[PDB]
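Using the sequences and the hints, build the whole thing.
Chain residues, written in single-letter form:
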Amino acid sequence: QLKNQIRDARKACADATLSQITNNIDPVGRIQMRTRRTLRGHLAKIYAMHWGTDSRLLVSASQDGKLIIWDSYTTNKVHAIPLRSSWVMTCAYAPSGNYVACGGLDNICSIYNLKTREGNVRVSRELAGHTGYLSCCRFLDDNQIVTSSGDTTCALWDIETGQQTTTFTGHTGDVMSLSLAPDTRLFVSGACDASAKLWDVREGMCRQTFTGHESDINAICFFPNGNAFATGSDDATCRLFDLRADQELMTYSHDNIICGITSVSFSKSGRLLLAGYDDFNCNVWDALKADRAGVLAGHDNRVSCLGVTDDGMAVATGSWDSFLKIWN
Amino acid sequence: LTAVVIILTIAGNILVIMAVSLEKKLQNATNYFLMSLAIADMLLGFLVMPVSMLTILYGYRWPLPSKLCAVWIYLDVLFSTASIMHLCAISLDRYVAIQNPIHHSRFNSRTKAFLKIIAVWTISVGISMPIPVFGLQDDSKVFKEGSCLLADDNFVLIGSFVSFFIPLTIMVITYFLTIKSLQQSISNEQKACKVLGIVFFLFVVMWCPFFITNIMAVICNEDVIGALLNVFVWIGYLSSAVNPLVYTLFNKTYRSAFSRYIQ
Amino acid sequence: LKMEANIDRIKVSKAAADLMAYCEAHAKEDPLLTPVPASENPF
Amino acid sequence: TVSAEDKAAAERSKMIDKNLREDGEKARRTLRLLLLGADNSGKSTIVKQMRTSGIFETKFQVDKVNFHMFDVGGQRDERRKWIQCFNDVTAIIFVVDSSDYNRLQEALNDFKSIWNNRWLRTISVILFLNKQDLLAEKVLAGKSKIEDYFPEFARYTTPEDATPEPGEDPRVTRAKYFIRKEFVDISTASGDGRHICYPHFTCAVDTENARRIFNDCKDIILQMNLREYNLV
Amino acid sequence: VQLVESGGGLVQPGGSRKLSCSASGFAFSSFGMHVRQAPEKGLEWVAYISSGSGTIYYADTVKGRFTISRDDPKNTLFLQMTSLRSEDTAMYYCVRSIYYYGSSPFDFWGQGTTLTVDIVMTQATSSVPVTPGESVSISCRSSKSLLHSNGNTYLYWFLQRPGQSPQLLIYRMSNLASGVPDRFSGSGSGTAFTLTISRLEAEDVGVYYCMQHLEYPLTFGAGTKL
Ligand SMILES: CCN(CC)C(=O)[C@@H]1C=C2c3cccc4[nH]c(Br)c(c34)C[C@H]2N(C)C1
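Residue numbers (my numbering), protein chains in the order written: chain A, 1 to 328; chain B, 1 to 263; chain C, 1 to 43; chain D, 1 to 232; chain E, 1 to 226.
Bear in mind the hints are in silico, worked out from the structure with no lab data behind them. Among the hints, erroneous ones may be present.
In silico BS3-like pairs for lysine-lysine, Cα to Cα no more than 30 angstroms straight-line [said to hold, decoys possible]: (1) D:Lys218 x D:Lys64; (2) B:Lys180 x D:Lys218; (3) B:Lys194 x B:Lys144; (4) A:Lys115 x D:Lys7.
See the structure below:
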């Protein structure tokens, strides 16, 4: 009965569509972007990547058992970190740049101290307590991290003590992705049950649940302002969710594409939504009109990860063919 | 009839050039050695065969300058040798791949492919290294009564023994060892034996008569031998025209590529 | 799901207006939407 | 124009790339196998002569080849997410319990699920039908009937070409090749030539399964080579 | 993290002497190693050995007779000197350096051993007497601009307390060294480089050396004693 009342409020809320509100705006038209660089030296599939805050540096993880940080401008490998386990579904760079984190099927998040005396990378803190594989790790601050897991629970940790300060438990399936808000006070999770939840880190309870997806939502990202997020699914449709309105405004779908979205990312302005597909091509969507503007196809294998640089300069996409390529 | 062979050569070689250079699924170490073989037969189909057709059309008298006879024969011993050692290396690699598959896959790399290409082209250049430096400055290897035919018994016999017959016996030993080694998977092995037999007997049937009659023309009624040589050289050229096809058409992806690029 | 139901909601027109305002205001700053000059690009 | 510090950084990067290439060549030598079996199938006891909550790993080498065996013991019933990672494996060792007739249909459906998976399409499966001794004991007791669980067994005749082992009852043979025929009948229509299945009958107390895995791995690599050299 | 050294003493001219630097406490293979000091002069660069010994440079005044080799399993590097002269008396410092994006080379220095027998970098070499709590500014000039096109400016400031090997204060003129108090601050434009200190206090009186790193050979400053 409560669910019916909740659905009734959403229906009355929507007076107009984002398409019709948007329709009196100039199209972006056609945008073309060419691969400025390609980063060799990965011997196996690239599962995930994350840009640094400075945006010169990025970290990428692979099945080969190596977590290697790059200098993007010069294409030079800054560090090379032997990984104890070849299974790694995620990597994360701290906002300050001192730490880089790694998570995988071994049920542990490993925190690596990049900057230290003796000039080698060592494991500052190994985090344990999750029953399922860690799908995504993201740093709130240097001292605290949040990890999304396949056991249907997201957790917030503190790195010094190594114990879960809070646990987030409202999902019914594996949590595939986690995306932190710009203000850090709240985050949004995407999970295989096809519902996206808005969590609050301080209170440890779900504020909102959005369910406009038929299939699992693989990847999820915040709009830059922080009042909206976008999801990516095996449905081959990307859906733009709004927090304050509490309903989905827009859906991005085309009849040609039928493959799942591996990764979603937003431009700094928020006009362009970049989506990475299993069909070996990343499609640039005008987020406000749901009209395709271009394709970024230079990968033989699937594009596992996509990331937009903090200064907005670049887009770096890692793919299963082990080559990672900036697209300025 | 002669003009058909040149066109078939250029088309069948450009097809594999485009199929390897513009198809992601076929970018492999073996396909690059096939690419090198295709390049060799491609050059043979343009730098030699038109000139041979010119010689047949005009006759023994040759309108091109006498100084150019030495290098045009040098290209024959260069490109045809290169193709022959390409086939020999392909057969050896197939034997290593079928007899010891785990170790081949362990040793399989692009470095091995480049080493193979360098070795076969070095051997081909070395075998044909006497002819230009012994033929440009005299009539020894270049001319015989205005024919522009290789007329050096020291190089005709010894050269063929290293260029063709050592590769030939290597290929026969390789074929016998492989077919003695392949004895849902059973049907695949039978098809592999079929392809190996077809390819080996094509090469033998198409190159063996030329060198046998060439040796007989020197050791040994030569008027008929001259005509038989003049036909079997063109049979040998038709072999280089055909080789890109039989080595690739059996693969499904190559067949689809040829079907699509011909449209 | 009473807590989820008992949440303040605002008009879809207003929310889309906020999104459109942000996209229009910050359009000039982003390098992708308007291609940067070649000299200015670090890559 | 590169600074002295930038030249030193490039030298560091080249040394790092050298060490990475060395580790990659070390990694290419080993062969990798994914083990996927239900409980009671004795999946742990497939290999015993020679031998981390998410993954339990056992490494065995026979005859100068290193085999890397991966078993996932820290996941729920549904496996579709972590299965995507294991796409580069040489072969899959799928274990099914022949003795437990109630769970055999579940094993059959699991075989359909693994065989028809999109990521595990090209990978071949080395099937091990475990506990043949227990199956023989059950049919010797005779109370259990395979016909009641599957109607087709009630009218079945053993193939003439198959050679029985010494001391093997014809109805024991009938049941064994019946279960094998069901699994291989799933295997047949789905493959299309890209991969194949290697049905193997494995007692619980069997001295060598490493020799069987090695032979099927050689066959997989040999067929991959025959496909790569454009022979097939 | 230590860098002990051995060898020294009286040596006749034209002889030979092997000086060894045994590192113990850090990953010796990842650090490119390098410096001497006359009895009454500033620091003078000598040589350099890269990671894996893939690159070597020497000062022109010691070219052709100085050799360096490093025993990575032993965690030690040496300096082989031949044909010594009266002007080679100095105290040799074993200095580490690691080169990547955001690194801090010359961070740690050796103890030093007494041995007895281009970009021109200018320092005023005159420093007002130390006053606690009063700001002090030390300026070092350069012959050519040290700001490379990539945007990094290659200046390093080193402080030598009396009786202690010099310590890195600032790397690249704007980035503070690790473990040093925040009061030190460096700034300046091209060819006009300054180091500013606020809240001066004890345990800071020493010689301030300005070093360049745009290109070899590395030329130090004359030094400004407080
Ligand atoms: C110039 C045309 N010509 C006159 C009829 C020839 O005889 C040419 C001479 C040849 C020759 C001679 C000696 C040793 C050799 N090894 C290889 Br392989 C060849 C060769 C190739 C062979 N080619 C096909 C014909």
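Hint check:
1. D:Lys218 x D:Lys64: holds, 12 angstroms
2. B:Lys180 x D:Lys218: OK: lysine 180 of chain B and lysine 218 of chain D at ~17 angstroms, within 30 angstroms.
3. B:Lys194 x B:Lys144: violated, 44 angstroms
4. A:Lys115 x D:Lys7: This hinted pair holds, its Cα atoms lying about 21 angstroms apart.
In the structure shown, a violation is registered for the earlier hint numbered 3 alone.
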